[PDB]
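Number of protein chains: 2
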Amino acid sequence: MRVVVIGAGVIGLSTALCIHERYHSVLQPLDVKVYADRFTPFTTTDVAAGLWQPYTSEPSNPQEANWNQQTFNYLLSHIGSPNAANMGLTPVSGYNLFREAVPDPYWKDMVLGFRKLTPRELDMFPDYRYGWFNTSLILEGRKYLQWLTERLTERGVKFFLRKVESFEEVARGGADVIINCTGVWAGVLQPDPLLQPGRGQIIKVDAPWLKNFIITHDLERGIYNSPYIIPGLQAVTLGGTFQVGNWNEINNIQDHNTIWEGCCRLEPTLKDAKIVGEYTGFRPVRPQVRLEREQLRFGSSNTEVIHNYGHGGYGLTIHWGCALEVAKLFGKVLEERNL
Amino acid sequence: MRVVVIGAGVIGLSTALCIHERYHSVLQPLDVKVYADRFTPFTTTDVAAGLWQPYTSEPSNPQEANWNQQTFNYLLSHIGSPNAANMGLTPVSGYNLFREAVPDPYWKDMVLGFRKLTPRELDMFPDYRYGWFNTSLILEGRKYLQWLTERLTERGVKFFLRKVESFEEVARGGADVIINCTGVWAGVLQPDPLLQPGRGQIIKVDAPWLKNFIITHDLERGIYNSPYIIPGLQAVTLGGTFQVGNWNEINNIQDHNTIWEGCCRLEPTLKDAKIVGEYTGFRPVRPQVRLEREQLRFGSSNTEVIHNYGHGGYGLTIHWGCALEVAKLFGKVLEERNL
Ligand SMILES: Cc1cc2c(cc1C)[n+](C(=O)C(C)C)c1c(=O)[nH]c(=O)nc-1n2C[C@H](O)[C@H](O)[C@H](O)COP(=O)([O-])OP(=O)(O)OC[C@H]1O[C@@H](n2cnc3c(N)ncnc32)[C@H](O)[C@@H]1O
Ligand SMILES: Cc1cc2c(cc1C)[n+](C(=O)C(C)C)c1c(=O)[nH]c(=O)nc-1n2C[C@H](O)[C@H](O)[C@H](O)COP(=O)([O-])OP(=O)(O)OC[C@H]1O[C@@H](n2cnc3c(N)ncnc32)[C@H](O)[C@@H]1O
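Just so you know, the protein sequences line up as chains A and E, in that order. Using the deposited numbering, read the first sequence as starting at 1 and increasing by one per residue. Using the deposited numbering, read the second sequence as starting at 1 and increasing by one per residue.
With the rest of the complex left out, here is chain A:
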C-alpha cells in the first residue's frame, strides 16, 4: 500500500515511524515515502526550545492531555538507555515563575516532582511572586529529527525533496493514503483559517553553567511572550516571543533585544554568555489540533487523508500521542480496505 507522509518535522517523522513500526509486517508490502520541501535543520521543529511542557491551560479536546501524557511516558521510558541523548533526550529540572498565584497545571502529575516553590527559592528571582518547580525532559528538535530519520531510513522508509502542490497531486500520483503533517503551511494544501503562525524568535547562547530551565509568565502579555531560558544538550536557548499571525521569517533586532534584555535581567550572569545563534519559527497555532481522517474523491478513485497538524507550541511535548492515534486511524483505513 502506498502511503505518503507530507512533512518531515517532528510530526511527520514520528508519525511515519509509528505507522511503519506498527504495520509494517501486519500488512506485507507497505510502501512508505516522505515528501517534504524542508528537512532538518530547516523545520519548525528544528527551532523549538526543546522542552516537554504543555501549556498551562487545560486543552479543549481533552484527549490532548492524554497524548501529552502518553508522549511523556514514552519519552521517560527511554531515560535509562545509553542512547537517550543520542535521541536528543535528557532530564532537566526547572522553574515556572509568575507574578500572582495560579492554579496548578493539569500536567502537574505527568511531570516528575512537581511542587510549588518556597520563598527562599523565589528569592532567587525577585521579580516573580509565585511559581512551580518540577523536573522534566529536554527533547531536542534537530537531534530527534536526525534520530527519527536514521531510524526510518534503516526501516526502509524513503525521503523526497518535494513541494506538494496539492493532495490531488499526490493522489494522481499513486498514494492510497496521505498523511498531512505540513505544520503551519498546511493551509496551503487546503484552507484552514483556524491555523495561524505563532511566531517566535530565540537566541542560542553558550552558558554551560545554567543547568535548569526557567520560564516566566505574564498573564497579560500572553504565553511565551515572557523571557524564558532553556538549557539544551549543548547550548542554552534564550526566548521570549509568540506573535500570532506574524509571518516574517527573519530574526528582528527588536525582538532580539527584548529577549536578550529580559533574560539577562532574569538571569544576570547571562552577562557573560556568548551568543552563538538566533532563529525564528512559526508555531502552528490552532484552537485545537487537527488530527482526523478525510476521504478525497479524484476521478473514479477515492484517496485517504489523515491530518495531523496545529500543535502550536507543544508539538514536541505531544508528538508521540498523536503519532499513535494516526496509526490507529490508519489501521481502520486498512480494515476498510480489508487489509
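Worth flagging that the hints you see were computed from the coordinates, not collected in a lab. Treat the hints with caution; some may be incorrect.
Given that identical chains are not distinguished, each listed pair holds provided it fits within a single copy or across any two copies.
What the hints assert, rightly or not - Cut-off 30 angstroms, straight-line C-alpha distance, at most; resulting in silico cross-link-like pairs (DSSO-like, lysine-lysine):
#, residue 1, residue 2
1, 271, 204
2, 204, 274
3, 158, 33
4, 158, 332
5, 163, 33
With chain A fixed as given, assemble chain E with the ligands onto it according to the hints.
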C-alpha cells in the same frame, strides 16, 4: 598587626578574606599575608567535586551544622547577582541514591526542595531502591579560588609561594598571629594523628547533556566509594573513591576504571562522553574539624595561632562558617591585645 595565613585552599582564602573584611578598618594597620607552597590550580580545593552537600550522618560537633547552614546561606545569597558564576557558583538539582531506605539527612532543610524520590523516578536508576532529591549549589574550587584571590588581592593582601617549615620560623618572621589552614599537610607543622588523607581520584569528562547530579551510596563500602556524577560549570566530574590513609598522589588506572565503569553503568550516556582529565586529591579527613586558638611561646614572645583544618569531604560545603568563627576568635585575640 601582622597576620599570616598559611595555606591558600578554599579555607585559607575565605578565612583571610573574612578576617580582613571584618577587621580591616576596625583596626588600622592590619597586615595580612598568605604563605602557601601550593596555589590554584594546585590545592586540594582545586580537585573537589564542587558540590554543596555535607555528609549524611549527624555531626560530631554540633557546630558543624551551623557552619554548613551559614555557608549555604551565604552562598545562596549570591545566587541572583550577575557574578555568581564568576564566583564559580550555580544552582544544580539532583539525586542521592541508596540501596535500602535511610533516614533523612540533617541538612534536609538547608537545601532547597528536599524530598524522597518516587518510584518512577527511581525507575530511572534501576539498581537502587531508595533515595532523595533536592536542589543545591555548585561552587567550583578553582574558580572560587581565583575569585577569592582577586578579591583579597584588591583588598591588598599579599601572596607568597613559600613552604613554611615551622610555626617557629613564621613567628620568628614577626608574625603576630598565624592562621593555620594547611589542610592534610597540617600534621607536619604539628602532629595530629586525627588527621588523615581521604584520597579521592576523579575524572572530568565532557558531557553537557547531564544537568543533574547523581550520588549513589553503598552503606558498606563507605562514603564516596560509590559512583557519583557531578555537573560543573563546564565539565562533569565522574567520581567514586575515598581511601583513608592513602597518600599516593598519582591517578591510578584501577581507580580510573572503577570510576569509569561505575558511572558508565549508573549513567550509560557517558558511553559517548569524552574524557578530558583525571585527578586525585587528599581529603583532610578528621573526626571533627580543628578550629581553635592556640598560643605559642618562643623566647620571650608569645604568638597566637588559630587552627582551621580537617574539613574532610565538605571543605567547600562549610568553608564560610568556619571562616566566620575564626574571625570571631581572631577578634577575641585583638580584644586581649586591647586592639
Ligand atoms: C518555534 C517554536 C516552537 C516551539 C517552541 C519554541 C519555538 C521557537 N517551544 C516552546 O515554545 C517552549 C518555550 C516551551 C517548544 C518546546 O520547547 N516544546 C514543544 O513541545 N514545542 C515547542 N515548540 C512548538 C513546536 O516547535 C511545534 O509544535 C512543532 O515543531 C511542529 O512540528 P511539525 O512537524 O508539525 O512542523 P514542522 O517542524 O515545520 O514540520 C513541517 C514539515 O512539513 C513540511 N511541509 C509543509 N508543507 C509542505 C508541502 N506543501 N510540501 C512539502 N513539505 C511540506 C515542511 O517542509 C516540514 O517538513
Ligand atoms: C579531593 C576531594 C575533595 C572534595 C570532594 C571531592 C574530592 C576529590 N567533594 C566531594 O567529595 C563530593 C563527592 C561531594 C567535595 C565537594 O564536592 N564539596 C565539598 O564541600 N568538599 C568536597 N571535597 C573536600 C574538599 O575538597 C576539602 O575539604 C577542601 O578542599 C579543603 O580545603 P583546604 O584549604 O583545607 O585544603 P587545600 O585546598 O589543600 O589547602 C591547603 C593549602 O595549605 C597549603 N599548605 C599546607 N601546608 C603548607 C606549608 N607548610 N607551607 C605552605 N603552604 C602549606 C597548601 O599549599 C594549600 O595552599
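Verification of the supplied hints:
In this assembly of identical chains, the alpha carbons of residue 271 and residue 204 lie at most 30 angstroms apart whether taken from the same copy (14 angstroms) or from different copies (26 angstroms). For the homomeric pair residue 204 and residue 274, the shortest alpha-carbon distances inside one copy (9 angstroms) and between copies (23 angstroms) are both at most 30 angstroms. Proximity of residue 158 to residue 33 under the C-alpha cut-off of 30 angstroms is restricted to the intra-copy arrangement: shortest distance 5 angstroms within a copy versus 72 angstroms between copies. With identical chains, the CA atoms of residue 158 and residue 332 are at most 30 angstroms apart within one copy only, with a shortest distance of 24 angstroms there and 80 angstroms across copies.
Within a single copy, residue 163 and residue 33 get their C-alpha atoms as close as 14 angstroms, which meets the 30 angstroms cut-off; across copies the closest is 73 angstroms, which misses it.
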